[PDB]
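Student: Read off the chains here:
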Amino acid sequence: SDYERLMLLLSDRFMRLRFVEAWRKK
Amino acid sequence: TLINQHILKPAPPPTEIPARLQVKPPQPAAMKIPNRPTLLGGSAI
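First to last, the sequence lines map onto chains F and K.
Take the first sequence: its letters are residues 295 to 307, 324 to 336, numbered as in PDB author numbering.
For the second sequence, PDB author numbering assigns the number 430 to the initial residue and increments by one for each residue that follows.
Accuracy of the hints is not assured; some may be wrong.
As the list claims (entries may be wrong) - Across the chosen pairs, the derived CB separations fall in these ranges:
no.	chain 1	residue 1	chain 2	residue 2	range
1	F	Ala332	K	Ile462	25 to 31 Å
2	K	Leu450	F	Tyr297	17 to 23 Å
3	K	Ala448	F	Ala332	36 to 42 Å
4	K	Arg465	F	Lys335	35 to 41 Å
5	K	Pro439	F	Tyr297	47 to 53 Å
6	F	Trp333	K	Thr430	51 to 57 Å
Claimed, not checked - Pairs of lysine-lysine, DSBU-like flavour, derived with a Cα cap of 35 Å:
no.	chain 1	residue 1	chain 2	residue 2
7	F	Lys335	K	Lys461
8	K	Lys453	F	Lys336
9	K	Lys461	F	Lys336
Unchecked claim - Some chain F residues judged to face chain K by a derived CB distance under 7 Å, without partners named:
no.	residue
10	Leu304
11	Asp306
12	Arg307
These are computed hints drawn from the structure, not numbers from a lab.
The C-beta atom is built at its ideal place from N, Cα and C for all residues, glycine as well.
Bound conformation, chain F alone:
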């Protein structure tokens, strides 16, 4: 599968829920 390895060039491929569930508690 070197066609897929060519077809995926430059692709480069819950913490913000944690800091808001504390403030929704407050």
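Take the given structure of chain F and dock chain K to it, following the hints.
Tutor: Just chain K now, with coordinates in the frame of chain F:
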């Protein structure tokens, strides 16, 4: 009426070519909504 400023002189500042890349498909894709204010000139490969 209003009194206006004037352009000085030919002063040359060139830009430079930075290095990173991004993929992320949401509208903000950075710190805020518009993109041409928050996109790096011309990027290197």
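Student: Using 7 Å as the Cβ threshold, decide whether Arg307/F counts as touching chain K.
Tutor: holds (6 Å)
Student: Are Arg465/K and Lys335/F spaced within 35 to 41 Å by their CB atoms?
Tutor: holds (39 Å)
Student: Evaluate the given range 51 to 57 Å for the C-beta pair formed by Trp333/F and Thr430/K.
Tutor: holds (52 Å)
Student: Starting from the range 47 to 53 Å, see whether the pair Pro439/K and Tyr297/F falls in it by beta-carbon distance.
Tutor: holds (52 Å)
Student: For the pair supplied as a hint, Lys461/K and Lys336/F, confirm whether the alpha-carbon distance does not exceed 35 Å.
Tutor: Given that 35 Å is the threshold and the Cα spacing comes to 27 Å, the pair holds.
Student: Given the hint that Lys453/K pairs with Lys336/F, does the C-alpha gap stay at or below 35 Å?
Tutor: holds (32 Å)
Student: Classify the hint on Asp306/F as holds or violated, based on whether any CB of chain K lies nearer than 7 Å to its CB.
Tutor: holds (5 Å)
Student: Hint check: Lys335/F vs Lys461/K, CA-CA at most 35 Å. Holds or violated?
Tutor: Given that 35 Å is the threshold and the Cα spacing comes to 27 Å, the pair holds.
Student: So does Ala448/K sit 36 to 42 Å from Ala332/F, Cβ to Cβ?
Tutor: Since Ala448/K and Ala332/F have Cβ atoms about 37 Å apart, the given range 36 to 42 Å holds.
Student: Checking hints one by one. Is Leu304/F an interface residue toward chain K, by the C-beta closer than 7 Å rule?
Tutor: Hint on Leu304/F: holds, closest Cβ of chain K at ~6 Å, below 7 Å.
Student: Go ahead and decide if the range 17 to 23 Å is satisfied by the Cβ distance of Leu450/K to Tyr297/F.
Tutor: holds (22 Å)
Student: Could you see if the CB distance from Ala332/F to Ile462/K stays within 25 to 31 Å?
Tutor: holds (27 Å)
In the structure shown, no violation is registered for any of the earlier numbered hints.
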